[PDB]
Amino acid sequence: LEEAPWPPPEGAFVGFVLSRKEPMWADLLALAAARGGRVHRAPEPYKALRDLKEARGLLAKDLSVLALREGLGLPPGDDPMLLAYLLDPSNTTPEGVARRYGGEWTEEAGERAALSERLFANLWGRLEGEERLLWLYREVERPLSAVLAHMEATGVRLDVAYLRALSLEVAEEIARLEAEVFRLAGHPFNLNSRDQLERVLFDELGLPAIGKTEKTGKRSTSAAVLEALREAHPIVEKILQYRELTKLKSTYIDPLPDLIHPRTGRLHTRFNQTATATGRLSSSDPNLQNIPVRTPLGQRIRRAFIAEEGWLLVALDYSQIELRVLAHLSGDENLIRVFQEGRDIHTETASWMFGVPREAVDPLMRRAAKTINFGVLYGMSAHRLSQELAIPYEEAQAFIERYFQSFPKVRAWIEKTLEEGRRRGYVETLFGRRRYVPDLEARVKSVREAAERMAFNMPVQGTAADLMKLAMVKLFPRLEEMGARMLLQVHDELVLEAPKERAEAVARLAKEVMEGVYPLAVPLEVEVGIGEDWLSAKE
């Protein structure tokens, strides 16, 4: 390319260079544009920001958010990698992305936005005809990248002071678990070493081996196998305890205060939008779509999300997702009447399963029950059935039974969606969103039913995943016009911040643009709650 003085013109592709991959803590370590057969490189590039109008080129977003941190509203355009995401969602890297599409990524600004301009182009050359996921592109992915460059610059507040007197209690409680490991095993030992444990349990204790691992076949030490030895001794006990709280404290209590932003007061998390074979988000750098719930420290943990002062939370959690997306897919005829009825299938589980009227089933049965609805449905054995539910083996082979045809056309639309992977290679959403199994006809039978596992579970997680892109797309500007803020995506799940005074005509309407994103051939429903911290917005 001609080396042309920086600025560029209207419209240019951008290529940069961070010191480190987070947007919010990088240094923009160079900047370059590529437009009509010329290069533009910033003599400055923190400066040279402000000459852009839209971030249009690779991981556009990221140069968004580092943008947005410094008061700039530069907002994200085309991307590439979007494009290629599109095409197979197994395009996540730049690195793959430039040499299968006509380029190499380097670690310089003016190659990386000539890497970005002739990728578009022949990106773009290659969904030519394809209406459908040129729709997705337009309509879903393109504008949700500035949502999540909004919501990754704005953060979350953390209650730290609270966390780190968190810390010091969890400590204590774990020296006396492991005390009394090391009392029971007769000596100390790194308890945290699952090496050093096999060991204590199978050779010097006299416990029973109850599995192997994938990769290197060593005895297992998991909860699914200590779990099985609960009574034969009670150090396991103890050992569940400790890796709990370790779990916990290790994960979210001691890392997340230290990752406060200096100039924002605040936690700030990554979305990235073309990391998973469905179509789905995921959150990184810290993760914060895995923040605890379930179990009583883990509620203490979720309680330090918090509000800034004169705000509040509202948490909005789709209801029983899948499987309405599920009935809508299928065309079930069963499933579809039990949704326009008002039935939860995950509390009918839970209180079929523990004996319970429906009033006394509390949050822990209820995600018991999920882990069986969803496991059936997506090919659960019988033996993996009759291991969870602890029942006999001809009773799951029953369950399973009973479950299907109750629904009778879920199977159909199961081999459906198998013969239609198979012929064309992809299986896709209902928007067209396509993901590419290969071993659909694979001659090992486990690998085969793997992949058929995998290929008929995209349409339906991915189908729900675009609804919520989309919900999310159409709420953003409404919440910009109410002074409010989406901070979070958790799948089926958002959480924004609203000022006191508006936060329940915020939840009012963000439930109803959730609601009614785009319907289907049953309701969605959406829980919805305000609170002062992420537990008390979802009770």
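Numbering follows the first chain given and starts at 1. In this text, rigid core is short for the largest set of C-alphas that superpose within 1.5 Å between two forms. First, how it differs from the form deposited in another entry.
- Of the residues checked (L72, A121, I260, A228), the rigid-core alignment between the two forms shows a Cα shift of at least 2 Å for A228 alone.
- A movement of the C-alpha atom of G310 falling short of 2 angstroms is seen between the two forms when the two forms are aligned on their rigid core.
- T349 shows a C-alpha shift of 2 Å or greater between the two forms [criterion: core-superposed Cα displacement of 2 Å].
- Relative to the superposed rigid core, the position of the CA of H187 differs between the two forms by less than 2 Å.
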Given for the second form:
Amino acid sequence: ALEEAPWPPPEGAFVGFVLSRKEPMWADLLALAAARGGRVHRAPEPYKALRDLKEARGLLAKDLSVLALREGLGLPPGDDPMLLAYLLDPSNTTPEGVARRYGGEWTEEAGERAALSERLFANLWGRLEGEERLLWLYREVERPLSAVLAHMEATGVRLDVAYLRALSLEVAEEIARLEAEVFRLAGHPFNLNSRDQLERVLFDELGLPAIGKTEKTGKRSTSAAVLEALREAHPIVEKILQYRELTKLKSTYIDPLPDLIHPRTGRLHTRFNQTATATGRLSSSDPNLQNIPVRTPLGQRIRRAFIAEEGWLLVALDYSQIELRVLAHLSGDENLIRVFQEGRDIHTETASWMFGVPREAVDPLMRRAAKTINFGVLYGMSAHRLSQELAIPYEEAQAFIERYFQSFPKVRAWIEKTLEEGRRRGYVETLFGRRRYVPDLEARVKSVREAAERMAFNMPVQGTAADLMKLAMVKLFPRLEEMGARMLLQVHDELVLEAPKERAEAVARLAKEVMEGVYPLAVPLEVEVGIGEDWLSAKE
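Let's see the other form, the form deposited in another entry, since the form deposited in one PDB entry is already up.
Just this one chain is shown here; partners and other molecules are left out.
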């Protein structure tokens, strides 16, 4: 309110900034302002004014820092009340929402954003008083990570445009083949991408039985859940499912990628966000790396499109079975911990325990059953879905779930304990104290309660895995920077680096030891590491 001072601000001001568009690598900086002690300093020319700052403190600090890096200015992000809000409650994911909740308003003026940032930070910092685990997470994980993420987003990754052109044509050709077959079975062309038109074809013209309904529009569903069951009702059903698979891959991960190549860098600049998810896992966008298929050979073909700069090599590091390792640590189950201390193939070992047989006598189908259960228990898979993933009777599925918990009773115990903590405290927590609120545990509708139950015992595992990775990223980055290597991508429990040929194997060695020793667990952390000219070739 009282007088706006002229640029530049005193050291330690919070920034507010307006971009021409939300993606900083592609945006123009339209306006910059700083606030300290409630007084605002507005920048005459924003790009030059960036030079006057030593740190970006404020809402979306990381995003200003990426744009600053684009311009060759080293402007590290620092304090950011988004990070505080997210630690207090991970349903806090955006500035608008955080302002709506805690005070103030997210507007479109730089000066006001800078003033809001300063007030919110003080406010939220006060609300965190005495929350020592969350404060530890802020100082040791979230704040320093934000600078790592700025480096990753600003550096981007090289794409193999020639390879993607060839992949596009190969997929395009298979799609054309399938739609021709579909039209022949239907007797006319129609828009396969229109669920309304497909509904008419399947259930009115071809007279197939409808099963499920749609959620809100109240029509006959054509979802995979329905088509799955109808695969014998008509040969057209299988063709649609194949068509959908390929068209989703092409529309999402083949066609858009070259347009994301930045004209100034010649690289693709994946956006990373540390306040997006319920669990604390990093999120990515443009493209969303998390949803590149993980089973299909198609998924593998997409990773082949990510390549090293000439003379460099990609290094891919993955925390193997980290979710189950974390579950072993949280549960304290001695039989599960043993598997991982023995360094044995953990699904074979699981099968060995479950079925009461030596490991030599575990056959591949038994291993598959154990693998399915290991992750079904983790994610709270149903006996019904189990019996159809293994293709066995429903009652044999139930028996198999119980068999797992008889062998790993402390896992059963930990799940129930976690739900009890959640029902009593209103939230659950990770190893490090990252917190998720779970109000719908005490709910009437069975459907909703069970979804809440699943979040309640997943979040502690997923979030612990998440913060192990983040902590490792924070620790690795200054070591990589000094070698002239880069951190490029993070997805699931995997990290991808770029280093010159000559330093590649040294960088691999270094990254593996930092990641494996980032924190002591009841079981060791194991990192799978590979080196290659593309991402697919590096993951092995």
